[PDB]
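Handing you this structure, nothing more for now.
The excerpt is restricted to a subset of chains, each kept in its original location.
Residue numbering begins at 1 within each chain, and the chains themselves are lettered A and B in the order written.
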């Protein structure tokens, strides 16, 4: 088997290429993400131990997400060539 | 088997190519995402331990998602060539 990914590219090219070849909670022999970004990810109640709230319990669950937040991202995971990039606010 | 992905591209090209060849909770020998991004993902109640709320329990479940949030993203996972990109607000 031969992998002919990219050859003979002459001029003014912006290219993003990725190649990989392979031939309670348990995971084996895996890959999640080669190029991975994440912004403001939240997980709250997952994978609690064996027998949670074993005997005679009560809780109050409150979570507040109120706030002024500003994400200013330009050219994220994206290559350029002969360009003009700006953020003017 | 031969993989002829991309050859002889002359001028002014922006290209995104990915190639891979393969020939309670349990997962084996998998791949989720080669190019993966995610913005504001939430999971609340999943994969609790064996026997949750074992005996005589009561809860109050409240979750608030109120807030002023601004996502300003341009050219995310997208290549350019001979371009002009700007965010002017």
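Everything below uses one rule, namely that a residue touches a chain if its C-beta (ideal position, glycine included) is under 8 Å from a C-beta of that chain, and two chains touch if they have at least 3 such contacts.
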Overall number of sequence copies in the complex as this file defines it, 2 displayed: 5
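Convention: only the chains that are shown with their structure count from here on.
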For chain A paired with chain B, centre-to-centre distance based on mean C-alpha positions, whole Å: 5
Residue ranges of chain A in contact with chain B within the complex: 1-89
